[PDB]
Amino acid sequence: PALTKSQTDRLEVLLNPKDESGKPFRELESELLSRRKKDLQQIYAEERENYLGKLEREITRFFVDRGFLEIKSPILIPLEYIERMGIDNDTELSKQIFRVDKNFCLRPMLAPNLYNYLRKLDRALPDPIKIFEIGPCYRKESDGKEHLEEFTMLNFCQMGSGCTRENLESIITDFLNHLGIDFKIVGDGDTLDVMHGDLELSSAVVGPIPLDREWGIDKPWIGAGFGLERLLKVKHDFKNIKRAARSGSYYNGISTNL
């Protein structure tokens, strides 16, 4: 008769964005199951590349080509960096942190080590210094429609000449027109927000900023952080952020429970 809520939830899991009443649950399920099996078969026959990995690689050629240096820093950082990042029980990120042992934790962001790389590289590189990093980041979350506790972050930045907000926005714009993601910047050192509809695609800043001193920076800098899973959720039009996440439940948005 009418599909139950549970059968609906099930059919949605097998339902891809691009898909388009009458038959019972058993057949509708069977129709989707063969469709999904066919998609996986096609992926395996030709492409064989994972979305996350593919994006990370396209994002990387993008910044490397535009002159940024590719950084791969630790994911398991000293807990101290969280304090030194100006994150006390004052902010939300306070408990959002996955503590490992007593002296470590899971980098909830890329800033700490990108700061370190800027201080150190200034002693050897011409102006301006341009660097980026793409990688695993962690934050405990209560929601789960746009938040994953384990996700991938892209953080790029420049220090020295050219660190103007006109330029920061120009990188943000070339970037996203390259990926093919509609966006809107919103602001008023500075703090911008790159939004996709009601979804935060990125928060960027134009420094210097007071914190800069705690890391030994002291120069003008520009920069921004984007979530790879969110860029994916937009590009592929997935209803839930889970379809673009590292998972044992979906591959390139296709359910693995067939």
Second form
Number of protein chains: 2
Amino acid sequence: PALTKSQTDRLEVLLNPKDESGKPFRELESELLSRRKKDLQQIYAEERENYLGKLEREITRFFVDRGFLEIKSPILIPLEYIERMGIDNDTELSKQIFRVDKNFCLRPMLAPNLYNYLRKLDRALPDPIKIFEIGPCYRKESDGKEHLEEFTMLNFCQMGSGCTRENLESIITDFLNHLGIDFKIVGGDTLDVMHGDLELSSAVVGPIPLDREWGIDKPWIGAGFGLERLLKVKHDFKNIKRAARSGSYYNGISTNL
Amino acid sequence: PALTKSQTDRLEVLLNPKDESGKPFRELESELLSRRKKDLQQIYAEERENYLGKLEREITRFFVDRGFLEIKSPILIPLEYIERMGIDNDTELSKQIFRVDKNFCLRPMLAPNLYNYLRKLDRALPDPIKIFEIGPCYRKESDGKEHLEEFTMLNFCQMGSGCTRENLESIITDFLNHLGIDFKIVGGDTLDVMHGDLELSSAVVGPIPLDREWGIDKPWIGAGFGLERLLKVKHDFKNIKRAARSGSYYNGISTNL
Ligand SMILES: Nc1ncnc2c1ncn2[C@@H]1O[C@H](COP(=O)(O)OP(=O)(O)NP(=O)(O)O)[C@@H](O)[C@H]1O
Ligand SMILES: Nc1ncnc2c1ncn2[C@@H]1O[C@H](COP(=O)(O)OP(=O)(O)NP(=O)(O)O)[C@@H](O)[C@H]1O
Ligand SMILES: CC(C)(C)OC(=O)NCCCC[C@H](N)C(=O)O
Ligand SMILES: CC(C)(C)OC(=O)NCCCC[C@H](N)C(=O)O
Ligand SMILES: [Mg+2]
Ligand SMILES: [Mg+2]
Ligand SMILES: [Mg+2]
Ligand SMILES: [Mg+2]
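Got the form deposited without N~6~-(tert-butoxycarbonyl)-L-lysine (LBY); any chance of the form solved in complex with N~6~-(tert-butoxycarbonyl)-L-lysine (LBY) too?
In what comes next, the whole complex appears, and the chain from above leads the way.
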């Protein structure tokens, strides 16, 4: 008669935001099953593009058109970069690092590599230097509703001329308005782009003391966004896992049919 | 008078395939330096796209237009997948795995995830099932002229109808001809796509015994290509490192100016 918690969980997996009690579990499940196969079949026939990939390409076109240089840096970076990022056994991050071998780890952020690119490009390109990168990042997490251990990050930044908070907020605003994501900006000067109680991004207006360790000596602005969180808001997924790289979902549809 | 080996190495770093002795090192280096800044400045003004990223997008459009489903699976996979891929302490791969924690490792290939997608999608999509994925892979290597420890792989495959060697070679041929890469196909049936003595890809025509461990029971074809190797051939880089994710090069130009 009444659906068990476990049965409800299974139904929620097959449930899509677009869908609209009483009937038995087997009926409800068969209904949802035929629907997802249908959605999957539609993707396969018409678009065939992966949400995460499609988003990355959409973000790339956005910044490339706005004068930012597309960067693809190593995902596997030296542990030494962590220490130099000011990540000591005093911050939360220190306990979220996935170590590899004895000298490396999985980048928990894009900052270090972008820092290097800013210093190096400054010697070859005209002010201001504008770069961005979209790629995998890794952190050990306790949560699983707004956090993934393997997520995708977007970090763009400008160094030199025009690096003001107003300009930064202008970029943030044009970006999210372009993607159709509702947000509110709240807040070296630091800002947080929020959607409800979900943190979409953290932005900072430099210069900041840490800049010196990386050979940076000019003002700059920048923000980092989690692609899965943007996907979560846009497609209204209730759980961040439906947007993550995985073998359990495809464009938010359960592959366990 | 004569350039030292070390000076030659430095010049080669700044050297591009398009360029055309006697003069002193400082002169030669200053000449090359102004040239690279120029190239970099041109990229920044006109295109702004990263080679590796641009290639991925070009590969994606290719297969998407040809009916293949774009997949983005986890880069950090379970070690159990390695064992199930038939990778024992009998093969070379067993010694090339980058372990993470006690139960995970960095995917040294895309096979396991794609295997799962084939089994699952088979229950929802019409035959044949066509999928592909482009993403980072990791292997410990002794070489550094044709091997990277962090490289990018493309693996496409079709399961069900039309899975013949002829069709496989046809896909391979249209693909490389599209990218403008010279090659020769040589060779469960297995093929190697070569460029000189450089292995561009390994393709296999199933079914193969390993299929059973993953719940696969239909014929299939597929090939895996290294994106950095394709870039190496296309842009004529002498060293694979100029195409790799890095902080030392950008679209093959040295960032150490
Ligand atoms: N574990 C994660 N899973 C998914 N996205 C993440 C994760 N960690 C960070 N992000 C995204 O990356 C953005 C910038 O990173 P960062 O500012 O370090 O996040 P945080 O401050 O760790 N956020 P949070 O853990 O939710 O309090 C965050 O605002 C998120 O959009
Ligand atoms: N270490 C690497 N660096 C760059 N590309 C690689 C690397 N390993 C494999 N690839 C690419 O991935 C393709 C398919 O993988 P695989 O067939 O396992 O390579 P392999 O057989 O290990 N090739 P090789 O190591 O040169 O003899 C190879 O043909 C290369 O194009
Ligand atoms: C200075 C630092 C590391 C905080 O930020 C950068 O160097 N670059 C981009 C910053 C993006 C905001 C925030 N640092 C993030 O992790 O997303
Ligand atoms: C069966 C197996 C694992 C060898 O291949 C696949 O399951 N899928 C794609 C194969 C691509 C060729 C080769 N396996 C490679 O690693 O590129
Ligand atoms: Mg956190
Ligand atoms: Mg934050
Ligand atoms: Mg090998
Ligand atoms: Mg091979």
